[PDB]
Amino acid sequence: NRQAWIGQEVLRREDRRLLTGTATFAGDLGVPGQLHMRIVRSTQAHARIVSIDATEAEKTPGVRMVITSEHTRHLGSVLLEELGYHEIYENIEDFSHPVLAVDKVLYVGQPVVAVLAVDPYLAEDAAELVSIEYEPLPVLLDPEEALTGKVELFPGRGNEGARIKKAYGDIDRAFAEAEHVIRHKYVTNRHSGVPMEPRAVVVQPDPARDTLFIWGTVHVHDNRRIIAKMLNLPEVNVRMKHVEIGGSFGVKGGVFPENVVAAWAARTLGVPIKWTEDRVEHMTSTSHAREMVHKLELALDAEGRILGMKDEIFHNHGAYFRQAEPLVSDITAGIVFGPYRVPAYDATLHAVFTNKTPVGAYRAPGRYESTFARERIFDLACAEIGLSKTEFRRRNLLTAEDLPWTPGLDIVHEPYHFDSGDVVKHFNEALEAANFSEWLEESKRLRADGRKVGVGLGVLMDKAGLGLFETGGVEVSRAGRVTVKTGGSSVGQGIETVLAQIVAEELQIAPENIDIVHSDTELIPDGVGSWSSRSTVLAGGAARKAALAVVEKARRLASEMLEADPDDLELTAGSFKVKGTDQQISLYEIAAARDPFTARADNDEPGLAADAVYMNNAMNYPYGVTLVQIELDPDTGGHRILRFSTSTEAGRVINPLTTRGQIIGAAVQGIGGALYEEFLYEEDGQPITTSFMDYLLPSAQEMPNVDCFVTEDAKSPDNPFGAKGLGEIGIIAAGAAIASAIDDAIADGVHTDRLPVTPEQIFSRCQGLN
Amino acid sequence: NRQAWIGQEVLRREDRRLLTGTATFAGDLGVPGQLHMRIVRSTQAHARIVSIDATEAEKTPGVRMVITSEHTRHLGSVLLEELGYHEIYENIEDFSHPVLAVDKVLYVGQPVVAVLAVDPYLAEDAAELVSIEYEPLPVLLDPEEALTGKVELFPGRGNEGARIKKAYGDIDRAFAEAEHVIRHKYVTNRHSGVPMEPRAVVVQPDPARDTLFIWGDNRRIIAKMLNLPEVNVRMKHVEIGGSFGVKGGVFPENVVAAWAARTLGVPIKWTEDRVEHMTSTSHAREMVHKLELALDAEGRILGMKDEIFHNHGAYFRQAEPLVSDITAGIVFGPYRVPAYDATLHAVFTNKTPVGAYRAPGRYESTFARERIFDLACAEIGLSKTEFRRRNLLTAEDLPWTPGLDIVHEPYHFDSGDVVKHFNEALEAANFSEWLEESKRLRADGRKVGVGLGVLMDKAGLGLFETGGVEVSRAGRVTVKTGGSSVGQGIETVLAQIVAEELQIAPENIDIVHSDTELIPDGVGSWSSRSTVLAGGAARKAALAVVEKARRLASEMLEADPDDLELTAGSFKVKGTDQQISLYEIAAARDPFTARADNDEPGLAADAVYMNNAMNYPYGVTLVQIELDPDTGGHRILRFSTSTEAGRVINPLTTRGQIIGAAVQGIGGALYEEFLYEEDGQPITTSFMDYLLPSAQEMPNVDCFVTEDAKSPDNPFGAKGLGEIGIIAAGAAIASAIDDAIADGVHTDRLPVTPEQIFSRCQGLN
Amino acid sequence: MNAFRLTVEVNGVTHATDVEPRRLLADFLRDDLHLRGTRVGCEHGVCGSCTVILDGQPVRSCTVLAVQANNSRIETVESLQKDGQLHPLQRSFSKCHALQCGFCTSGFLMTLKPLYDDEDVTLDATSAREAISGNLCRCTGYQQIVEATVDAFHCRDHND
Amino acid sequence: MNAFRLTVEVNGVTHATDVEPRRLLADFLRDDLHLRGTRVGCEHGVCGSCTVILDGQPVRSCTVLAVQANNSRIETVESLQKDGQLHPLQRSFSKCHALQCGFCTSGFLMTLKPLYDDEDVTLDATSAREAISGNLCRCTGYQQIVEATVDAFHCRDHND
Ligand SMILES: Nc1ccn([C@@H]2O[C@H](COP(=O)(O)OP(=O)(O)OC[C@H]3Oc4nc5nc(N)nc(O)c5nc4C(S)=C3S)[C@@H](O)[C@H]2O)c(=O)n1
Ligand SMILES: Nc1ccn([C@@H]2O[C@H](COP(=O)(O)OP(=O)(O)OC[C@H]3Oc4nc5nc(N)nc(O)c5nc4C(S)=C3S)[C@@H](O)[C@H]2O)c(=O)n1
Ligand code: FES
Ligand code: FES
Ligand code: FES
Ligand code: FES
Ligand SMILES: [Mo]
Ligand SMILES: [Mo]
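Chains as they are written, first to last, in full-length UniProt numbering: chain A, 21 to 790; chain B, 21 to 236, 242 to 790; chain C, 1 to 160; chain D, 1 to 160.
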């Protein structure tokens, strides 16, 4: 019996917690003697202040204290972000406010003053009574007029952002010797993750001062490292506790001003502090994303093959870096080329500042915005060259042949180098088999008195190792069960299930008996976290050589327990059959026997100096094509997405049932970005989309009756097991394909630039009939 | 250079927590949604039952549930003792409740039924309304009557304990080959610790497919009984206010809480009533000693002998019968003892189950000996003092691997007295003695007495004790230990040990313990153990970090070198031109490919472990009482206990332990006894009946008298000290009293009541 | 100045407690009736999680002051499970991976509950979508939920 | 069964709360006032830890119903330290190692407090013992406590 578990559809381990409601979330936590923090936020977009009136706030009963800026610029550093630095140069700042500075305000929703009261009702009751008089300054909003820079945000100025540049060989000759040279600029919409759980933090101090407990949800819960350094009380003593999270999409990823204010205030009062975000707040305070300006250029010959490709990008970072370091901007500038033959290139990314909510990293950050413009310049190019988008992408995709194809673009640091180590294979048979699966041609064939069709491709910077390591640990027990410690984090995508399978496979124990513990920094003093579709080959790779450390620790230890040497039958139950077929020793009894007999019955080998797990220089790049067909009502602005199918090649799907969730779910978040979601600021500076009535989240009825999934496990990469990151591959080309279809269905020019596609824009067909 | 921390009077670290009110105790803990547990305890010393199901308890609004034996008996099974020797007979029998009885009841105080309410007031409110039907049964109380039929506690075959014997040499031919042979039967008290904090437990479940959080390393049992591991612990740190070995390990209350917290997903809190404590928790001290002693015309020992009956109370908690095994081993103390027969009975009666009170079995045995000695010094007339001077140790004949079945304490293997010379202690520890003698100047002052104490401190313990050292960023070091802070200033002793080896002020060391998530494995703090053990861990770890630094901080700069000047907190290189700090090394090496510290004790082949550590401390106690012949009150005019012990890590806190321990013993000598009426009902249940010593009665005087002689063979050669203060406080007082009448050393039954000091005019007649 | 005494039935257990009028039902059902099962995402009758059974009708625990619920039956997600066995709706939701994060699970489940318990109707993919539409999710999106609900209604009725 | 409205000034801070009459002051001070500094050992005015300053006079917080403290000033061991500094008594208690567990520390310290603050008397070893005698300890043997109190009174008066 060699029961296999990886690749199998097994129902999630997380399911029952969430279904019954036994699972606790950050907002669910209660601690006796709690104080409830409410935050007085900005009402100006750009303003310096004189704030001294919390008098009637301080004097309403039930309120224990009101925290001003002067409390917190103290010690009271300003929000550091970490490695990925060089640095070039420099950093400060942003970081955010970073904590309430008693001088200037750089966006509506910025923390200025925190109150502390007994119940959250009384907390904001006192928050109203706080008065701050403002000097309104001029307001910056357009990324392009940020750097043509009058109206400077920082008085030190403090050039807006960081300028990233990457460019191969001889693009001067690649362009100069081209027949069709194509220039167009694209604009992406400002939108984010907007998960269902708003941000929430609970801090309990151990006033014995020794320590501090944080049931806050800080999204690398092993980034106590920041709070520690900031508060100067490091590094244990800041012991983080595990909580379930209601979705993040990287939008919650990192340290916020709220996190430190609470932690500081908790420490210096010896009193537990609780914080729970407004949705409204979330819309003006939680990290933004997606807003770019994509000037692009192409070099093409009479064949239609690529020769040269690129110009400048303007990433609008909002007002501040927020562990939203060039990281994403650096990634974006690395992969606006995707999985194509691109002889040369010229990135000049301008990460810039405006009076908006500080930009973090939304699901597939910088790659939704880039694979849009890239596929919106390719579609446009087919208009002049004259012939099909299908057979353009078809023969200048990614020659292989070529593979390994060390590019092709830069000067390749994505995010460091060198890459693209595209050792993973056949670029094309995906697109080929993806349309041989099976329609596309079948309703390009349309009697089409309705409307039309679209395409788009997405490669992914999706195992950001991180580099070198990731920790893991497996433990067998006296009670039948198995325990797995990991540096992973259940944002709700099924890590605790995937790892259980990985361990199940290697240990020959049902994934039911295995439990997984994460984000509890007392058990797990070191872990990396969960971002950039990574946690399987990294943390699952940790789980493997952990479970593989026990099998030796056990099988070796079992040969000593009976007297048979390490050869037997073949050895799994999980237990130990020597011979064929006398006797046996179970895997748990082995562990139960290693008690206080001079020892210990467990493993945790990742890692040491010269790390473990080892994933270094080159990450895997998964690639995928999205296929869409839309109908449109022209007398109004309506549309009904008739068909949808994202198909992505990624070696070794670990859990097919759950990966389907990660593909479909993401794809919808893409349609949300493509046709519904935009943060609208009024020309003076105030946010307009603050409620849910304004910001449009896709609902059940409007979505495609099915997103089809075409994944194949050809060409496993060489990081055993040969698997890929898949938690982002849904949204990548969701924007471009929708756009192409809309332009194909009208039909004028293939000339759409700005997302989203509002119903007002989409009667420019009233023009067509006129 | 640099300065020294070890052996220096350093103000302890625990102080500030306790002084200010930041310090958390299990009872101080509150958790939202809490259920307050009140336990309905036994009111019969011995009976079978026909319980109600209230109903009238469960009916009272605010009552969520009532736990009977129905729930807890399936399961977990009976409480589970400990390692792992002693499994040579087969109990249960006992353990304790276990966990709730619906068959027989075996002592007033035994948990029968637990209620669960919203506040603790409604708990006791409804617990009253529970009615239990009883059928009384013949009540056992006397240890001797216990073993000779006719009444039984475990009505099967059991039936009344364990028999522990130890012998070698020829006892009888030594008894035949002797002029003077001495016999007497001594009877000892029933005390316990009775600390100022009563027992308290809080349990928080993570009801989502997970764990339990517990506040109050023997997780191991609860985990097993609930079949909840792999732990899944999760024992959390709380400061404790006095164990004295009374709070021991696992109680019935401990496991009921966990069960109920688990099967409900509701926070459960329990805090003990004082009346409960005096009837529920570890009793001790109750022993009978038959003693035979053989002597030549010179008066040296040729052999000891006879029976001991330990009244274990109703069940086997911890000790198990570790205490009863130990006692039968060291009734001979520090002496030339050629051979003896030592036979011990661990017996049961309808009383609160026995645990390991400070120096368990040592107060008891040390009485019987230094009283069978004063009696030989009466019957041969030879001087009480120089008897011991003639007849303690073998100055030259060391190592002294003892005669009889020894060491076997508790087991494997050896042993013997290699700790320093005995007498020049007794000799040198007589500052003030012989002029304390000059009495009466015919008066009413009367008393002078002596007592002697070996201690199986050490009790390896053992084999190991985990430790760990972390240096990082902000100028502080964090030390994790398997030990427990109970009040002895363990967090300080380690702070010194580490500070010395690390070249950094102890004001910068913080100590973490008893957080089982952080500390996956460890032993506790028992029989005067941890300073050698858990300190030897802290050394081993702090000795590892220095090699991590002074060899991989060699590469951070140039060169190997490798160098002069090892540390002043940092490392000035090859001369006094500048250096890398020790925190700066740690600050550098965290995301860069590795982590910047050490938890070297230990690996698959163990560490730190000081292995069966012998390490026997020793000393004298010197007592001068005044008596008031009618009233029979007394004023201890002078008191001085003596101790030779290894290195003595901290003189200030060691003084506290010694002085503190004595007062507990003096309390046992003249104040404390658990009293019972004929029907088995406990009498001394409040504080007015059980008399703890107070400020006025105790000697303004206690002379610290410690000597650093030959260190043992366990690094920086140290000894266990937290139990030697008490040892002889029994024997010395009694001999002092009998010298104080006089009519000669004929007192047995402790304590010494003033009614007993009504030999007043039975001295005149 | 003004306290109000609630007499409410929640998941069977009746409660009597004094609450200030302005506390919303959602906050009341989480404190101190520690039934964290009900979850709060939006703040104005949109997110869905909010949703609870009030007197048989699904309403938002978030647009109702706790005080308005006096003398009424209330049921939350905690009330589905009956002795270990997950209510079939919960089973098919796991059988079809109808949930990844957890938030949009009280909301949908409680919306679907009275619809389930009443003998009609069938729920086909089209009519299934319309049913759940009152609840938002940012993870699935719905495809599997729609697939999950349907499955639940087949083992319900035609059922071998 | 009808709660009483209590008004008490604790450590300068005023409070207004309904309590049921039967609640002991000790339990009131610990809950919900969340000053765990006051500790409870015996249950009948013996242990000492119990002890608190009531209206300037040290009394047992455990032989007094909370309701009996209405419109009165109460001080606990929490009120000693002012602005990071430990009050002289606490400082000397550490200087002489006058504590080991922690329990018999609120009790003694609060008993000694008004005695300290008032200009008389000296406290010599004999008169020192009689002062603390109202409090029990099972760890120190009082010897060091008696030594600790004396030290506190020398830096107090004859100060250099
Ligand atoms: N059942 C699964 C789950 C994940 N994977 C893949 O294996 C890795 C393990 O996941 P992880 O490393 O956590 O991926 P990320 O750290 O990038 O996070 C998951 C991904 O997809 C997500 N899915 C989410 N789903 C829910 N319900 N809620 C969120 O907040 C989520 N947030 C995210 C975010 S953020 C991203 S970017 C990922 O590469 C993923 O593509 C898989 O093969 N099978
Ligand atoms: N400042 C100190 C403290 C202890 N030691 C010695 O070094 C060892 C470290 O202490 P530990 O290992 O805890 O010794 P025990 O486990 O035997 O506990 C200490 C001892 O003495 C005690 N002292 C106590 N003091 C207080 N205030 N409260 C308790 O509950 C105490 N409980 C005990 C108990 S139990 C005993 S038996 C002990 O052998 C002790 O003798 C030392 O040299 N210097
Ligand atoms: S928050 Fe109340 S309904 Fe969405
Ligand atoms: S809401 Fe995040 S998983 Fe459905
Ligand atoms: S316990 Fe209340 S007075 Fe001692
Ligand atoms: S240390 Fe336990 S009472 Fe003083
Ligand atoms: Mo992400
Ligand atoms: Mo002890």
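Source of the hints: derived by calculation from the structure; they are not laboratory data. Treat each hint with caution, since some may be false.
[To be verified] Straight-line alpha carbon distances no greater than 30 Å define the calculated BS3-like cross-link-like pairs of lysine-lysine that follow:
hint: 1; chain 1: B; residue 1: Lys-315; chain 2: A; residue 2: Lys-573
hint: 2; chain 1: B; residue 1: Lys-205; chain 2: B; residue 2: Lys-124
hint: 3; chain 1: A; residue 1: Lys-573; chain 2: B; residue 2: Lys-124
hint: 4; chain 1: A; residue 1: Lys-315; chain 2: A; residue 2: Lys-565
hint: 5; chain 1: A; residue 1: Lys-205; chain 2: A; residue 2: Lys-315
hint: 6; chain 1: A; residue 1: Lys-170; chain 2: A; residue 2: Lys-315
hint: 7; chain 1: B; residue 1: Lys-249; chain 2: C; residue 2: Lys-82
hint: 8; chain 1: A; residue 1: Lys-565; chain 2: B; residue 2: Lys-205
hint: 9; chain 1: A; residue 1: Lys-599; chain 2: A; residue 2: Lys-573
hint: 10; chain 1: A; residue 1: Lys-249; chain 2: D; residue 2: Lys-82
hint: 11; chain 1: A; residue 1: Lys-261; chain 2: A; residue 2: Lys-445
hint: 12; chain 1: A; residue 1: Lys-249; chain 2: B; residue 2: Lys-573
hint: 13; chain 1: B; residue 1: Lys-249; chain 2: A; residue 2: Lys-565
hint: 14; chain 1: A; residue 1: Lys-249; chain 2: B; residue 2: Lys-597
hint: 15; chain 1: B; residue 1: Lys-249; chain 2: B; residue 2: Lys-124
hint: 16; chain 1: B; residue 1: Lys-205; chain 2: A; residue 2: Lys-261
Unsatisfied constraints (hint numbers, rising): Violated: hints 1, 2, 3, 4, 8, 11 and 16.
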